[PDB]
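Single chain ahead, by itself, as structure tokens, in the form deposited in one PDB entry.
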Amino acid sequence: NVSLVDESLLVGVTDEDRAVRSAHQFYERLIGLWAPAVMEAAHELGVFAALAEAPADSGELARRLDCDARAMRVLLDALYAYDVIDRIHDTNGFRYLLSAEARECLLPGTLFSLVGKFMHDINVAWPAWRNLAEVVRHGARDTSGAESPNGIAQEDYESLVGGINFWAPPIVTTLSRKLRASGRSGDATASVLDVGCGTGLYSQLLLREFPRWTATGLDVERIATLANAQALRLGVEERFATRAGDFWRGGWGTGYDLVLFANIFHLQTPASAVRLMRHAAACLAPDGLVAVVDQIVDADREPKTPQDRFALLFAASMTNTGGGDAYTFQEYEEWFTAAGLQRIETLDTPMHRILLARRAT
């Protein structure tokens, strides 16, 4: 399906055979470089927007985009080989197009658009990844020698946050099922705090699921603007508010039934993480919950499941961009304890775990 090596043709177990087999497997990993390069170049050239507007043969698309015809065929067939675009082959030749699901992912301004991820890679991640050895040499450390938090800046998040909206629906449906099995129902009011809310999608999907709930997102000015616009598109604006500014300044509020941290703790240092956890505990209502949605692994750091394997890789993505980590269950439990909280649930999602915690006293 995805394989680039016909492994059925790598046979034997002599030392030579095993070395050759490993070399092919390592080469296949190395050529994983090619997929973001192809996809991100296609984005830069306007390929996806053009295919959505009108399906096209490769020569026609090259003319429309002022590109070389042969190179465009090569690029389009590579995108088809990655299952990113569709292609019809009949007696008239080839026509390239987007499926509805691909359109949602590849065009700007849709709910699940990956354009912000493409742009994050182009502008931030790809130059950093080429310098990874330097950061490993020197450490993700500040001028005083202390661990630094992750370095992705608010202006970079303006793109990236929309590009990670796709994570939210599986996470929110898993969380919502558990909250309903926890006696939290529709028709009862509750207040949510979404710390570092990004576009606000996690909050906004909760608002759709729980029609009497309200939610408040904390994020920086320009991100809060994005989040309010998205709430309006989703029809939950009357129950979604933002509180713009650096969340380290406080002004979070109190009485929250749910405090959500999605994709926040991996940005922290241990010192900043424990502070955030204590802040969260202080704003909880009686019977409130903290939900951490993150790349979380056991201290053994064994890649036993896809979520564990992704967490170990995500830690490298954090180091690449200046700090943070994929923290361990044991670390979260330490932070919970320090904040007077106790972990009560762990739920798996496609690429994350949800940890739920509540006040012990």
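In this text, rigid core is short for the largest set of C-alphas that superpose within 1.5 Å between two forms. Only residues modelled in both forms are compared. Numbering follows the first chain given and starts at 1. What changes on going to the form deposited in another entry:
After superposition on the rigid core, the single residue among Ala71, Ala100, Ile88, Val136 whose C-alpha moves by 2 Å or more between these two forms is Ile88.
If you fit the rigid core between these two forms, you'll see the Cα of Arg212 move by less than 2 angstroms. Relative to the superposed core, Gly251 undergoes a C-alpha shift of no less than 2 Å between these two forms. 88-91, 248-251 are the runs of three or more consecutive shared residues whose C-alphas all shift by 2 Å or more between these two forms after the rigid core is superposed.
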Given for the second form:
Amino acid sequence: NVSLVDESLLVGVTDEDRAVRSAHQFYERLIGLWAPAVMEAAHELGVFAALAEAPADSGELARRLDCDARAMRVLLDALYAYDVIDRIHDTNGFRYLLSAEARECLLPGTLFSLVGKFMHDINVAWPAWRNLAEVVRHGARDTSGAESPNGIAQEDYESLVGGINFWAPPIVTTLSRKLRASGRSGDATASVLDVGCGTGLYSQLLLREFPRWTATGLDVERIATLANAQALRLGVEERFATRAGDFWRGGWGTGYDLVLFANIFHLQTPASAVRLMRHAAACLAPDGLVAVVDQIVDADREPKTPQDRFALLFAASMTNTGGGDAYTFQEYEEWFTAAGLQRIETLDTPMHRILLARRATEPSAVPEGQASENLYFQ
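Previous: the form deposited in one PDB entry; requested now: the form deposited in another entry:
Here you get just the chain by itself.
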């Protein structure tokens, strides 16, 4: 395994045993600090691009990158301990190198590059995380007391959106399998709305899966520019378009067969979330679906599965950057009901869940009239 503690050497019976064992486990969690520090320093120094160009021992890489030889040995061996880089052995020793899969993740400009995540950490998240205590003290509530949506800004997303492309393929595969099993097909026309599309990868992969479909991505102008470039890269530009502007305005159009919200709801407040859900219902075809892809957990907020654990942690990442949450199934169901929609599927993905919702079929149990309206206003 990749454990940093040999737990076979820790006992666990007495009160002291158990305190010592817990302390080792907490220490292992604390030194998780070191991995982003090592990986992001290596990015700043040019290590990954250099190894991809020419595998080298630590002294040669230090020469090429104008670094100290011993410190570079320390850095590269740490990356090796994290399984981030590999070794190739010669008759006289070894060189460090990147596997093909690691190259895709670590170099700039690739489809699944994490560089935008490295830069988001360096520029935004690292300094924020050290100030977490002050943000918990004060909250995300504005001066008037109202909560704020998440504070990651468009200039920050210019780096970050490409750094989260890696999430998309498993999600789109799972979504497409369900769409096909429920009767959808790529040989008939259909329209997708991708709200806050980022690079557009989710709808672009859908376009590749369903060759007669079209997609419209909503985002701010500087991100829409990225999305159109990526649509061309993936060969789907004839069926992908963007509409720039603030998606909270609504008026998204008509007749959409699928409205996708990937990594959007966690940025919202409850008020902004229900408004978005209402905009989605307003633009949906009669038989259309809304797909929510997010960090979603039951109201019990128990860390049972990896997706549950990640969701609980992701809520802290949202608080760290100024607002949002990891919302519960029951909160999404409130919002679906408020928008005249009904959840019909929940699907697991590596770090997310997908909720699918359709237009509701049955009426409220309270009939139309002033009593219903007073309940609505309250």
